[PDB]
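There is one chain below, alone, in structure tokens, taken in the form deposited without its partner chain.
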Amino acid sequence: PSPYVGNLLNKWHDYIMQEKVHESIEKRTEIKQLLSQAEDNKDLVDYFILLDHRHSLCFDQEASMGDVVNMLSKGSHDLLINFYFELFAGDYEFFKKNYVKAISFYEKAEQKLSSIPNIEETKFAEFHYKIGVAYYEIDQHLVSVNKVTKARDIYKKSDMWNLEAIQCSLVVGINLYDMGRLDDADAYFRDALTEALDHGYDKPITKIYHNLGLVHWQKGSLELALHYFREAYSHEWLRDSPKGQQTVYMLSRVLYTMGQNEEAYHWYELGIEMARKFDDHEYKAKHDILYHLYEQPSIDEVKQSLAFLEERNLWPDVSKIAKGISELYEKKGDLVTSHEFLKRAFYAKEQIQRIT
């Protein structure tokens, strides 16, 4: 249910406000088509109606059907419309990677939740989660754990929202890992895994196994980390989704670190070939560094690809890759360029606090 239609409905709201018949008929016709699918978002349809009705009051031929200066129901329509405008603007800003603006809009919409009459317990969890995830994108991990736990506690009660609870504990686990509290993250991931198995869910499982792989990778038990990355690739057909690119990369990277090189190059091959398929320039850079480090060394070529990743922000990945390089160039006895990369790995850490 793409968050474009939300922005479309928001634009339409702006067009009714500027009293512009012709582009208002345009926006409502694009929108009217898109939501004709079988079952796509209660909140969209409601916002459509609430805009269509106020569209009429400004554009349809009232001259025989009264004078709607400002009726009693405007107060309550205003409240819903302002709320829907802010919920969907939040969703769209989150879509554009503009997380600070997204939180701003969500928090305004969260406020209006009290004045709406029959608000359900779950519309509060929705905002708890959306805010909590947006905070996770900007490395505010403690508040993220705080808000999505609040959502999880609601989703635990009712037994219809069991897929959401799994996603919530998945998000707490990721926060706990990004911090470094690895055994707590492990626990959350394992609790999501068994809850996902008891039910028929398959969607989250893949992410769960990949995170478990990351936990034990950072834990240093690479044998067990490798196991989980394999299981992530096994479960769900990811080879032609864009989102399964990361598992192929991790598989290659661990096998190169354990000195497995033979298999590691085969996952490199598959990952280069996927970087073709989706034209993902970043995963091409990341697999480039693997190749020009373990296959055909070239310190200058690694800097080239590293430079590209630094131009893309992506500073967690830069920090950890550059640290890896410096650690490696130390067992190879070269202090001079190991220091060069540690300086780059350190600068990357400082780039994570800024979050511009």
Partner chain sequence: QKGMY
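Numbering follows the first chain given and starts at 1. Under this definition, the rigid core comprises the largest set of C-alpha atoms superposing within 1.5 Å between the forms. What changes on going to the form deposited with its partner chain bound:
Among the candidates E86, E236, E164, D186, displacement between the two forms reaches 2 angstroms at the C-alpha for one position only, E236 (superposition on the rigid core). With a cut-off of 2 Å and the rigid core superposed, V45 has a Cα displacement that falls short of the cut-off between the two forms. Taking the rigid core as fixed, one finds a CA shift for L35 smaller than 2 Å between the two forms. Relative to the superposed rigid core, the position of the CA of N70 differs between the two forms by 2 Å or more.
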Given for the second form:
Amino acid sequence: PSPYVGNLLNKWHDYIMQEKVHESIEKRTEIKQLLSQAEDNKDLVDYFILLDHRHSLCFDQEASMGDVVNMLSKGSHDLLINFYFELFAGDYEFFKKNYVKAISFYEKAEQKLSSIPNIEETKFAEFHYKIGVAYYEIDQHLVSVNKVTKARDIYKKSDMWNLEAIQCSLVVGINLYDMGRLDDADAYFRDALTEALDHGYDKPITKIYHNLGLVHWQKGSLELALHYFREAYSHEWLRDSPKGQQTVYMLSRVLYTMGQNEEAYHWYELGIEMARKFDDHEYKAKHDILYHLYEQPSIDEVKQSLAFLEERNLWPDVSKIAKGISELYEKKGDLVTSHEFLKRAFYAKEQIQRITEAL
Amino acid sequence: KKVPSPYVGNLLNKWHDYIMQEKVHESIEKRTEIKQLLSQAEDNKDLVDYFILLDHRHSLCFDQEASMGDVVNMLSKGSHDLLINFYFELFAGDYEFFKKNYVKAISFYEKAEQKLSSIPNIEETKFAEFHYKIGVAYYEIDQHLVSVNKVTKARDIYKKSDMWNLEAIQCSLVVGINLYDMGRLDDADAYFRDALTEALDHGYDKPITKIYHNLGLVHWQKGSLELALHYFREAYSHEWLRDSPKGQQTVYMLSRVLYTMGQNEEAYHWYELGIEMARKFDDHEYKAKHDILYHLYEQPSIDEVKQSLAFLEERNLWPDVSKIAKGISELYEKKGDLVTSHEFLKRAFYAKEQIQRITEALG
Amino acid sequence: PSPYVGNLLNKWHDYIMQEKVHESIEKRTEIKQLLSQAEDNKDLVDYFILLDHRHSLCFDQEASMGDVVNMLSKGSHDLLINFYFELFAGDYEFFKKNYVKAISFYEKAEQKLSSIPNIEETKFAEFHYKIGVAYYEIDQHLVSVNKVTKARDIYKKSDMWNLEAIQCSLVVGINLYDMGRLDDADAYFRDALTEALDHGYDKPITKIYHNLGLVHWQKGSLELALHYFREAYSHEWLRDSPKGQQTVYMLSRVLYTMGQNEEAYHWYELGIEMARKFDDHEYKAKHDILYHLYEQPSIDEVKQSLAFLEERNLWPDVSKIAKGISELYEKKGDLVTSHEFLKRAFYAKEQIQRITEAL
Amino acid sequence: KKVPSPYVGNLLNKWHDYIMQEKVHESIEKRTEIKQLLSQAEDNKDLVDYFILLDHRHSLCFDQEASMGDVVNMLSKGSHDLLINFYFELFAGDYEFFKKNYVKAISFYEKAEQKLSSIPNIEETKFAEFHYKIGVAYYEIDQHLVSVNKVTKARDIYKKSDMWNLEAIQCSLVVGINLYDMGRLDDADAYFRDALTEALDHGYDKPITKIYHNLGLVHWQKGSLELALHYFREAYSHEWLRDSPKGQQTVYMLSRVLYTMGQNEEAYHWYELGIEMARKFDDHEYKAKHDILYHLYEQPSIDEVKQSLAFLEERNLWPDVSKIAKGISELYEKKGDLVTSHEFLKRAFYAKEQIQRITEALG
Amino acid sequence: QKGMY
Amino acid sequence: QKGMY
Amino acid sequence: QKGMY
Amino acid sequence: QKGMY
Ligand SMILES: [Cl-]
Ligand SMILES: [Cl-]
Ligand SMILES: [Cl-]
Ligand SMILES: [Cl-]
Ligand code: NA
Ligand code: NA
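So that was the form deposited without its partner chain. Now I'd like the form deposited with its partner chain bound, please.
The next block holds the full complex; its first chain is the one shown before.
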């Protein structure tokens, strides 16, 4: 994973400042082997150039280091090295889903942008997007829409960045959807959809279809949601990605919610299979909810599946699952359990901004 | 009885707009209209500075500098241009905040903040001021994570020096109430308690008062009603609070906390007192809030509890509507009416969903 | 004179900081009357705009000044006001021929140039030229040629500044001439001469002709020097300018140095007349030297004329006059006085960089 | 016996030039050629820093970073580019100064100085260093007014702190000798005397020595021969001076001042001593200078005084040639030979004219 | 109930 | 269910 | 004689 | 004679 080698470049940075030559040199070779893949990202390279520049000053070929902190270059190298360090520390914390710390790191790197000689504005767009996505993951929707919209306005200035500009409009879209601005979300997706089509980007078109499915699902237009979930499953790459678990899951959940329990069960079995394929405990608990709701109802085992979702702090999803169960049981004329799930849906809404992380 | 300073900034911006449109009448009318109010306004260094800048650019366009002048582009033009632009955006932001359009306020504050960087030797408390203004604005629309981010950026600056102990303390007030609204009650308790020490150590009356009240809200939320009641009185001790509209909060909480324990006796004291502050300040919010207490605890009427609650929703106090309706929901459960307890729980949930929708437009 | 009103704008600046309202307001009116002439220079205007901006803050229409130093504008106005103050203080000291102080002021203003928002490089060229000319007047030729050459390279980028660019090449030219790089000076003048001709600027063409006269005079090509001095006198504006005293004087001095004493005397009488017309004691002493050398020789009165030139610290000129007299008297076979004037020419060379001013 | 550091900088710049021409051979030859000399050079932080920067840009062009690399333009490229450009111009300037091409040195120093502004957090003694280097260079070509301007700019900076007492004092040395060369003898006397106090107060040996010598030159120029003689010995007291080539100046002045008073006795002491230091350091200047003393005061020969003087003019020591020939001119006047006194006065004047022509090209 | 500041 | 991106 | 400018 | 520094 590309966050992982960026993490190693930072361990090389740490071993150098601790003046330990040998540990620094393993990481330098480990990075040059993992860099020869030409596996994109010149930033990993540039950071590597800057670190070899200070590896040399500190250990290699220098008879007197006492004058190293007094060197003239130190000032310029420090700002770039610290910048990259902060940027990659942030990529790694994002990978671990510590979104508050990621934002902390991204923001330290973000200030250094003015001070660097020739950055032009697509580097500003990258931090706008990265910070915005982390804020989105912790459900800070207005600031998220603002940062990403800044990124899209930069990306929109160049035909060379149309894929990036489209990727930004997706994150705005899912933000409006999470906020419940469904009609704005729909408008936004279809305008993104037209020109993901113009350029024929398979992966963005697939996601817009899925998200349009979520939009009309939450609206209540079940058959129109069902159509869009299938359109996204058409794309062959999606079934082999872990991201496909969402759309397989929604297909199962949408069909059970209509009368179509037999095909619903088909997708359920397909969900359970990908869950084992990707070791995704979240989507096994989510499907166990479907199963113990619509085939072999056991309210206690629905509650244990929900309890597992709450231990993973997926509070936005627990709120909407639990509110749906609450609606089912009331329609079945059971009000004690419909009220108890409504209490659990409300408790979940209260957790959404409680943060989970240190903060 | 001074005229709010954001309102005067709105006129200065309208005057500025008429100058670029070169409209002699509308400018002169705004010019006269502003010099009338400029001392009566809420003293602000920034308002005067903006006025002089617009006054000079007014002379350039219409007074001809007494009919003899050079074309408007010179060396100073550049410097004046960015000062005027800064002020225009800062006051566009202050006016939207005054009107409670927090999203639009944040857009303007963020444009102004960026232009501040370009002004030479802006000293660092001016940046702390924008961090705080943005953070409070996010808090008003319940974007707590960012709110804590900006407000602590301001607090990191004010804490760098002796002279901004009062400002740094105000920052802690907003960090604190965010934690309470985020529901991190235990962290919020420690946080307020540290602030109260520093507020006592320096003897700042209004910060001490507010920390007590906020400590009351925390334990109320925890369920520790008796301790919550202790702190609400502690805050009412402070003598200035009875005269500020912010005192409606404490009188109201006193009534609502006492009624929530059996003491319908003293609770009515505060209700009668609250209803008086309500129109004394023409605060429809707390008259609707107290009438809920009445039609809940005194000669009950659910049909009327629902409509005053409806008025709060029309005022988009979704955070407060959600917690009020949660209490009603639990009350009817304690009584054993579950159909209406479920009906208010459904209402409390719908309120939570409006908090996340943000009840204002976005670009 | 334009240095004089710039001086008044600075007295308005002084009365404001001393918080004396009335004295400030006379100078403001005195400047607005002397500014309504539309007598070029928007800088005098811009400085006036900036000073009225702080006149208003300080006395007019403000009920509370206690918050004036805390205002946000103060920082930006201070830099521009101080800049102009320093620039005009420098123009006034140049007018008074205190070239060391002028350079001091110009240089303080020069540093402020980076900090100002929209200056584009013709303002850098103006300080390059102004400082270079002051350094030239105190005989610092290399730095002078360097600063002005910087100005010309900026001015050469725009057809709109061809007159300025030519004015710069003149000052380079006279620098090379004073240095004695006569052949470079000649080449330089004729290249300037061609395109002063292309644009038909009367005043620069006149000066290049005069200076080409000085060049070939110092070379020894007397008849070619004589031709060029006459070409410059052709231009009618020159005889009415005080600058014409130089070329009338050189004509008299060149003709006496050839056999032509009758026409030489004609120009002498014309010199003495313009000397009285412009109250120019320097050129009366210079002509009294010619007279008491070539008509009615009196070595004592030549020495008193030279002594007056030395009291005005025109050491470059005293050195070359006295060296010429030294050469004449030796050719006349008198070595005691030729040696005594050579001693005086040498003493003068020693004074050239002694500075005269405080420094 | 270390190899001069400007010479190594010349190679670093030639190596840098071969890298832009992408010439593998010439770069590698310069690379080998420099690492041999880099410790043996006169330790310089700047030389090492430049070498590493060129070494890394060497790898990019030819070593392929071990045959796997990305195209040369990235984010660091910009920062490295301006550091390398700075160093190239600073060392182009140091090499021309070493070769005594003061005009070209000033051009490079001034380009480097401008690029220093663009480098982040350059601390202010680095600017004082360029002010001094330019000022000394102007002084070497006798542009005294500017020289005093730049050198005092450096001295204004070094004086801002405790730790640069030694540097600020070196600045006073150059301000002082400018005043002496400008002929402002009385100001120069006071100036040197203030410096000598500060040099004594801090006990800096070489500055004290030089101030004494320079005080000797001042009174020599004033005519106060006896006092000039006092100070020249005071400077020779200092024990380090006998071993530096700069000691040739003091031994020479001692010989020339004693001979100018009747004391042909002791004067010969210093002449014999001076001629020995002369080739001991292979200093043709002072062997020509002392032979002038000999063929003036010891078994005289004007034909030979004129040719050693001719060798000094061929070395473009026009300031010194002018003052030597002025002394000869006065000597023959004291004797009563005015034809040859006039002949040397004519020569001294022609020298003054070459000082102002600058004996080097200009763009 | 939101807090006071 | 949160959206995919 | 210095030049004119 | 120029000075020493
Ligand atoms: Cl909607
Ligand atoms: Cl993907
Ligand atoms: Cl020549
Ligand atoms: Cl003129
Ligand atoms: Na907590
Ligand atoms: Na003097």
